[PDB]
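Colleague: Each chain, written out:
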Amino acid sequence: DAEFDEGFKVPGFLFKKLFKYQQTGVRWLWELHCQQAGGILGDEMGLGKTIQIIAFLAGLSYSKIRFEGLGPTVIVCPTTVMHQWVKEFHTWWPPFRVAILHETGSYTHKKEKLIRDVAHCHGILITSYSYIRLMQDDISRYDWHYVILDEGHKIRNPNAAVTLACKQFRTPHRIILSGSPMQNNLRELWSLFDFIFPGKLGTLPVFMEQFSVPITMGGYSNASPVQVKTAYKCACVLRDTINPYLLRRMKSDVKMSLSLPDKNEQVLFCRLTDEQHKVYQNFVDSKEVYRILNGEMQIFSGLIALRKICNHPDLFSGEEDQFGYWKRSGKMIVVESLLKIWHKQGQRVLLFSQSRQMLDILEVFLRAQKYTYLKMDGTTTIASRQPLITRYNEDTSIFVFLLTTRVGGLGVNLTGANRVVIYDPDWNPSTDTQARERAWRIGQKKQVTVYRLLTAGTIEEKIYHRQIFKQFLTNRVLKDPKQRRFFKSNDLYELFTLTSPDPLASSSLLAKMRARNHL
Amino acid sequence: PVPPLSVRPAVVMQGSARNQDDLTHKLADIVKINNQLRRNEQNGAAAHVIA
DNA sequence: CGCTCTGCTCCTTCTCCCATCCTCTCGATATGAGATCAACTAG
DNA sequence: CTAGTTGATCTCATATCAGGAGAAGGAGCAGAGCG
Ligand SMILES: [Mg+2]
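If you're matching them up, the sequences are chains b and A in order. Numbering (the entry's author numbering) for the first sequence: 490 to 554, 562 to 814, 828 to 1011, 1383 to 1399. Numbering (the entry's author numbering) for the second sequence: 254 to 304.
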């Protein structure tokens, strides 16, 4: 057995399975427990965070450290991964009672009875974020011990009802599992750190004034050098502030110690077809976009219309001229070529989409070919989602796995897939990141590559630029503060244009004080 | 109290966009400020902005 | 004789009001994904 | 009983001088009256 500082023992057989970084994470989690503080397991997608949590909880109950050992814990996760958590708990620590609070569930009686039973039995209640919002009256009356939030970046909006619900738990032991705990700006980081440890980053106004405006405003292309140094100063301050409670391991410092196969992250710049280009040019020349640029109307109509046009001209639905015909969209032509090549190479492909309608169009195109597909979007019943994933992970007869990035991403394991193609960019970089890490995970025995399709000179390239800027802003505070300024664009409201190509002894402390001011 | 629509009728004008009564716009402002204030209570906020 | 209790005029604020009825012209004035639930819609 | 399909509904997320008149309050002074 592994013996930690005070009284925490994790069983030897369980400990041996864990990797070096995973047991380092268990150590860190128990140091947080000693401090009675929350934390973020920021390890990227696929590095293993369900296993670290399961091992830490198993050692906490095993070690016998109100609550004797482990109390009644609640795990809030996306609906598609609830049964995944159940399976991992059963395989790794079968002694735990692990009930699902969901319509699928296993209880077949009043839910409130299930919450009461798990609370009074010191079991693990896995629930969804929607249920936490809905059952906040009952979920918080029972003095839970641990409130692990899997994919806790769903709490990123400080004013969302789910966030306010999840911030009602009285316990100090609040954990977030999310390999991307910053997706659009630093408000998200503040929301997460308000959840795990309400005090460190102060009130949201104060956090804005001290960190968000300095750090963000120093990343713009026109930033003055003094402002860049101020942003550096603030980013370093914030990194030091959030260091003890963020544990973020990359797949670069762990890849050598984990034997993952090679990865590629190509970004194809697809070409609008003549008809697609015509529709795009007609729309950017229309009066609606003119009204948008004048501030009269909301930008959403034009933005969504351009995204649809780049996806496929489903605005004006033009035999072999049915709705969604592949040859009318350039990205669909590229996807057809890629699918042909990969099928002749005997490989398995993971085809993502932001839009459900574009997913239906891709599904129709796949039946048009002889490819054997398998689809999972928000409409599929939750109870069948983990089965479906297992199916695609089990038999290699299934060639392509269609997905929406909101359901197909976000914590599922699809290591059976070999190639991954992100068909449509999103405004949030993190959606695309999780979608592309669905394949390159622990258990991937083959070389994976990511093909991220963008239409050249369209709104999609501008979205790619916006999310590159967001990723740079995130890296400025997650990996290093020396981040190069985003210079590719100014990120203004001219994304409506078509531009198709072709003890310290008071001296080290005083030195740090002197150096920081100089910055 | 929110008066009914007959007290603040909304008339379909020549332009298809509906026309709202003055009371309706005032009520919209009241709802906006009330919602913002209620937001600033469920999550704590400085007394200055609340005032 | 100190201290209070009116109280007296007076200046300040403030709020209200300002005929009835009729005619005409003229200017200004989003969209989809996911979740929940409830009705089926059948097995 | 009992799972799968169908609609409604909610949340959430994607960028960039030429009035006047009267009534109510407060102010300062003046005195009366009693400890
Ligand atoms: Mg996970």
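Careful, some of the hints might be misleading.
Here are the simulated SDA-like cross-link-like pairs (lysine to any residue), alpha carbons at most 25 angstroms apart as the crow flies [as the list claims (entries may be wrong)]:
no., chain 1, residue 1, chain 2, residue 2
1, b, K696, A, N296
2, A, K279, b, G791
3, b, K774, b, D758
Honestly, the hints are just simulated from the structure, not real lab data.
Colleague: Each hint needs a verdict: does it hold in this structure or not?
Modeller: Hint check results:
Distance check on the hinted pair: b/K696 and A/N296 sit about 16 angstroms apart at the alpha-carbon level, within 25 angstroms; holds. Proximity of A/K279 to b/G791 is assessed by CA-CA distance (about 23 angstroms); at most 25 angstroms being required, the pair is judged to hold. Proposed proximity of b/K774 and b/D758 is contradicted: the alpha carbons are some 40 angstroms apart, above 25 angstroms.
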